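Entry: chain A
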Amino acid sequence: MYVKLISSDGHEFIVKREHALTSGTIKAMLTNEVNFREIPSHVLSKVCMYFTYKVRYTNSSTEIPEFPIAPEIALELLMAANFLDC
Partner candidate 1 sequence: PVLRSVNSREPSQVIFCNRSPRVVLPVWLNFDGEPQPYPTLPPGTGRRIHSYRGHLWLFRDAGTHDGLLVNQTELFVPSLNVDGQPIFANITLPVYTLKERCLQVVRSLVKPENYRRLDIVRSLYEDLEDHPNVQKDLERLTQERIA
Partner candidate 2 sequence: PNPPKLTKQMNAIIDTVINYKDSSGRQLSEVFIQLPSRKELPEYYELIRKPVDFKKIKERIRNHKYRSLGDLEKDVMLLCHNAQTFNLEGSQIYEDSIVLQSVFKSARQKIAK
């Protein structure tokens, strides 16, 4: 089952439910929709990337790649990550 997440700018981000639960505050908040009034697309897109990554590389005995964060979005993302608890 997937779920829809929505930016402040109204972009709609559809990710596997299992990946979204990576956030503690998207466990709570969970029709199968979530608005983030304070989180824009460029941030929320990146957050969904984090979900894909976390799930893929958690418990992986593979060597693991760095998660990239451009300086321009780093503050915004800290805030978002903080808010989502993930």
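Methods note: a contact is a pair of C-beta atoms (placed from the backbone, for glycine too) under 8 Å apart; a residue touches a chain by one contact, two chains touch by 3 or more; residues count from 1.
On how the list was made: all candidates are chains of the complex that A comes from, given by their letters.
Undergrad: Given the complex, what touches chain A, 1 or 2?
TA: 1
Undergrad: Inside the complex, what are the residues of chain A that reach candidate 1?
TA: 47, 50, 53-54, 57-59, 61, 63-67, 69, 71, 74-75, 77-79, 81-82, 84-86
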